[PDB]
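Notes to accompany the following structure.
Here the complex is missing one protein chain, while the rest keep their positions.
Letters A, B, C, D and E mark the chains as written, and numbering starts fresh at 1 in each.
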Amino acid sequence: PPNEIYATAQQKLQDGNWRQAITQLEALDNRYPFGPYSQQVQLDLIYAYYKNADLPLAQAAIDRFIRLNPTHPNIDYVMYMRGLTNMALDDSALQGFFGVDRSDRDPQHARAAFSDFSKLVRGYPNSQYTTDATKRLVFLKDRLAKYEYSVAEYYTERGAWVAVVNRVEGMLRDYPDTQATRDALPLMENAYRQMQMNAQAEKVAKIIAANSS
Amino acid sequence: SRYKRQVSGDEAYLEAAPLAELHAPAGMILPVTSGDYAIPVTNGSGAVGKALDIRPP
Amino acid sequence: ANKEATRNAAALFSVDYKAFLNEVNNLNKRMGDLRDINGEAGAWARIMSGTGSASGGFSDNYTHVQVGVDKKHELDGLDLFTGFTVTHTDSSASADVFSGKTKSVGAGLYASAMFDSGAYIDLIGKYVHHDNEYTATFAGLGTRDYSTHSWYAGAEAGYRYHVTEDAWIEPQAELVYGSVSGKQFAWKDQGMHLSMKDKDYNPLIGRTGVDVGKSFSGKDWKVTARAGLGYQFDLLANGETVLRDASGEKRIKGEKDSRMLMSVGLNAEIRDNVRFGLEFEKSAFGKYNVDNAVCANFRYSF
Amino acid sequence: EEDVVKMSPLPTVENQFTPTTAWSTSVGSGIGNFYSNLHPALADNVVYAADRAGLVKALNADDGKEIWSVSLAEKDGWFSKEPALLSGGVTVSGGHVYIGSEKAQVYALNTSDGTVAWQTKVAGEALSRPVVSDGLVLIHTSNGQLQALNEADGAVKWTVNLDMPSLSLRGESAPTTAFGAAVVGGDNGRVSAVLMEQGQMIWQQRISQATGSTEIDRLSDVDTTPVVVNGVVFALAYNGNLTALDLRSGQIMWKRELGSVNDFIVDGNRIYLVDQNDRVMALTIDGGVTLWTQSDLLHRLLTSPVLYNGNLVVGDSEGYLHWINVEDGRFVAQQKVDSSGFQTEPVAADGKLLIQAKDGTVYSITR
Amino acid sequence: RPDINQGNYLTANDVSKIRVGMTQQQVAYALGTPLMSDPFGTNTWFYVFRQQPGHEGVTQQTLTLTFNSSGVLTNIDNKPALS
Partner (left out) sequence: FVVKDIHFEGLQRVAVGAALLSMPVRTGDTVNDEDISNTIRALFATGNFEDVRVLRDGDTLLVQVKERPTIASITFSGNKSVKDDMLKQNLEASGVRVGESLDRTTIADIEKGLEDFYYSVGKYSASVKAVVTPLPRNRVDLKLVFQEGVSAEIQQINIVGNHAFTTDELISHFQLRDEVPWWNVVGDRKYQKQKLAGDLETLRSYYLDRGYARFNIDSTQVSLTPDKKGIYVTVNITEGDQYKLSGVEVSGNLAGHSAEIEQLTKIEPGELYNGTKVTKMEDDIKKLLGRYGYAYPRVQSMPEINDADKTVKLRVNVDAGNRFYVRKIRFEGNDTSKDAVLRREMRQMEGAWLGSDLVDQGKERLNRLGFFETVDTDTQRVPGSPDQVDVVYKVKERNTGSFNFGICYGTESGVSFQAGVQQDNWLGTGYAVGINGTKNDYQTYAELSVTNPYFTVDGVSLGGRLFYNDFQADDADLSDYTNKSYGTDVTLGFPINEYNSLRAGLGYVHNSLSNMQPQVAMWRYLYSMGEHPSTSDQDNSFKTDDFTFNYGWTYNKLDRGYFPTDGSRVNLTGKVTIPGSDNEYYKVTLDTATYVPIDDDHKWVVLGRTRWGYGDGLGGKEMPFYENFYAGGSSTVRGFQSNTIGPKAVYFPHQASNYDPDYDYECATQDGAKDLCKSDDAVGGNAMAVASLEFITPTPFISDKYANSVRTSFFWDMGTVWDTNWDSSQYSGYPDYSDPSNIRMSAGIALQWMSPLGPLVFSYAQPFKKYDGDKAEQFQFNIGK
């Protein structure tokens, strides 16, 4: 019976493990993709996928759910879960692999996570997930600024001084408050000093002298 | 990574760096900040710490 | 004449028959693989290694490399596979007193017809050229050019009974008829002298087997398992040797060997590019046994 | 590969007049399996025969002896000796023997000792018989262009364009003279009626079947001579239909659903013909109701039926000539005279029946 | 060794079209949009043309164009001196 299947899915989800609960939730979803009583099963399936490392399946379930329900009372949880799946895709040290720092790696997932957490905080600031979303936005902004700093460090090592000043200018425009922009201000001063402009190097030295850390 | 109440990846709602604005030295200004990566102020319920209540509604 | 010289002369004639058994055992694995895939097309290549042992301190190792071209054809109510194979065999065999090193070049034409009724016929014709250089205690057998030619035809008739959507039973009977050129040896030394001569002999091998395949397809962990129990027995056996020397006349009986073969194969693909293979082949109850060739290979892509 | 084939060798035999295989002569080296309308054509008891590679041999009708013999390497580079690839059929008149080729050359050769009287270049490849009438030789080319040539110089010239589909059928209908008008077929399944000395009188008539696209025309190409009898022309498309058309209106058609790709013979009431599915039959002149059908030779690629001594003679692709009774439609005789097969028009004229095999061997057969 | 190219491509014939009191849009039409600019206070465009062919010396030309706040060029500074 479907009520028996939902109760065994909830007991396997709470007492057991998410792997044993995905198959039980999938048994409800296969009968009712567009069928009735399929909306709480989709939210249970989204949590079960996220906790099972099935991040593309969790994102596909979230996309199905936000198309089937454009407005719902728990839409804040769905918006938090998209940024949370993208944050778990960044840090792709998952499934048996790890990396020492992953700031250098593709920031596309981190940008999607930052966009979803911001859209949640400016849409629903009264949710229980607002403080965690704001902390994840601070960490994601530090990760994006560290990526643009790693790109500025490479171009400094290669000798691409116009690329280095254009990168540090992009970092000052987009991430003025991050530690990586302070780390990058020396690179912008060095890149101007390697060129025939010392007035810009004096301006960057004045910015560093005013406050850098 | 962790498959318990803690994150499927690693902690980003606890681990972070404080953000501090740069001062504008006299006789010049900092680059105009027109990025879309602005962080809105938080005024909701705190959920930070070991507790992370992410059970599906 | 010397006991060693007699053992070395018997070992030189027995190396052919062992190489012929080893090449037939390596060759049947292609037909097995081609049937378990249910047909393929284009170019293929396989590599095999094995070890055999016989009483009297006889141990042989063999590396076999097969290259070939296969073609799938639909005709009547049967699937027809027709192909051409070139094989290279590198073999080393030691009698305690006599050791040989053999290079073999084989050319074969094979055809497998799989009928929709649940049956198959495999026919292969093979010509193998064998060059051997060897070591001998005295210069009479010496170290020198030894060239032989082997022609053999293998015919396997079997049935495929699917007892489940993922489980099969294959009862099969294979007959291999070989022809090897007659031979005889007289010692080269002028201080020691003896002559060993064997009758021309055609080794014909009959094999009856029942293979059992089972699959355990998990959520993503495809597991293919097969097991086979066969019996290899001489129907036309090795020639009997006649030795004449300063100790007179004697007759040494040819090999008549019967052995039970146990084969186990496992292929477990846990994920994309993450796989575990295992092969086990073991013979027993013959004077010559194919010994434990069990190997496992785990290949994990990061 | 393997085909169903669908062809059964006919076993029954009644050679009451055992066919004499006589007066044989290998012409060239053969036409081969290449499609050709080459055929031995005779006038004056002199057979003019031709093979691919420019090989014209005149012959004796009462023997294999040759009255004239020639080979052609002209306008393809004399030094080169390039293959003319003759493929229009010999048609003889005026002291001139007209042969078309797949090098776009019509090579009129004189009856006396093979003088090349006029190699006229025509637009496209000639693959039709060159039917001469009114002092104009009319040649239909595979480019879909009907070309007229004067008997003396090939200088008289007019081009008529007939419709060409993207996938045509090979073979080009014969221009048949009727009232000094050539009632030509065509590859768009259209029986044109071009007047001679004019590009006009074209009552374009659609006789193509309408099923499918390119099953209208590439299935159905009129490649048979439009036979004129009683002032009415008859034409057949390959899967299309025999379509009787008058010569005074041209827009009225009555038909039975029957197609052919080889020539057919009308002797008054009966349109003896062979269907593109290899079946012999005799049809009524009015309507097309089957008077009799001999369906024994399915898929053997028979050749144009000829009336000889009251028997309908056909040749299969296995080299069997088959005499058929015209009253009931049963075999009177069968004989193999070749092993390379026939795919060329036989001629029955001057009391002689001649067939040219795929190897260029000309066989003369007496009933 | 890799060739390092940086900045805008400057020609001796198109830098001569630039004159004092020119609108910044006309300068951007004549030499293209500057890759390097002053992001600190005063609007100043830096047309650098820097070539390093791996081994050979650095070819550096610095064209500093100081724009008035209204958008008219006030101070061409052309340094063809190498770095």
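Following the convention adopted for this analysis, contacts are C-beta pairs under 8 Å (C-beta built on N, C-alpha and C of every residue); 3 or more make two chains touch, one makes a residue touch a chain.
> Considering the complete complex, identify which of C:111, C:235, C:262 or C:295 is in touch with the unshown chain.
Per the contact definition at the top, the residue touching the missing chain is C:295.
> Considering the complete complex, identify which of C:51, C:179 or C:208 is in touch with the unshown chain.
Answering carefully, the residue with contact to the hidden chain is C:51.
> Among E:35, E:58, E:72 or E:76, which residue is in contact with the omitted chain in the full complex?
Looking across E:35, E:58, E:72 or E:76, the contact with the absent chain belongs to E:35.
> Go through chain E and note every residue touching the omitted chain.
Residues touching the hidden chain, for chain E, are 1-9, 11, 13, 32-33, 35-36.
> Please identify, in ascending order, the residues of chain A that touch the omitted chain?
So the residues of chain A touching the missing chain come out as 89, 92, 97-100, 102, 104-106, 108-109, 147, 150-151, 154-155, 157-160, 162-163, 166.
> Just checking the interface: what residues of chain D touch the absent partner chain?
Touch set of chain D with respect to the missing chain: 1-4, 6, 33-35, 80, 82, 102-104, 123-125, 142-144, 164, 166-171, 211-215, 218-219, 223, 238, 261-262, 276, 301.
Basically, only the chains that are shown with their structure count from here on.
> Provide the C-alpha centroid distance between chain A and chain E, rounded to the nearest whole angstrom.
Between these chains, centre-to-centre, one finds 39 Å.
> Calculate how many whole Å lie between the centre of chain A and the centre of chain C, each centre taken as the average of the chain's C-alpha atoms.
Between these chains, centre-to-centre, one finds 60 Å.
> Give the residues of chain A that touch two or more other chains, as numbers and ranges in rising order.
Residues 169, 172-173, 203, 207 of chain A touch two or more partner chains.
> Chain C: which residues touch two or more other chains?
As it turns out, chain C has no residue touching two or more other chains.
> Would you pull the chain A residues touching chain E in the complex into a rising list?
Against chain E, the touching part of chain A is residues 158-163, 165-166, 169, 172-173, 194-197, 200, 203, 207.
> Given the complex with chain A, which residues does chain E contribute to the contact?
My answer: residues 4, 6-7, 35-40, 46, 48, 50, 52, 60, 62, 64, 79, 81, 83.
> In their shared complex, at which residues does chain B touch chain A?
Its residues touching chain A are 1, 3, 7-10, 12-17, 19-25, 27-28, 30-40, 42-48, 52-57.
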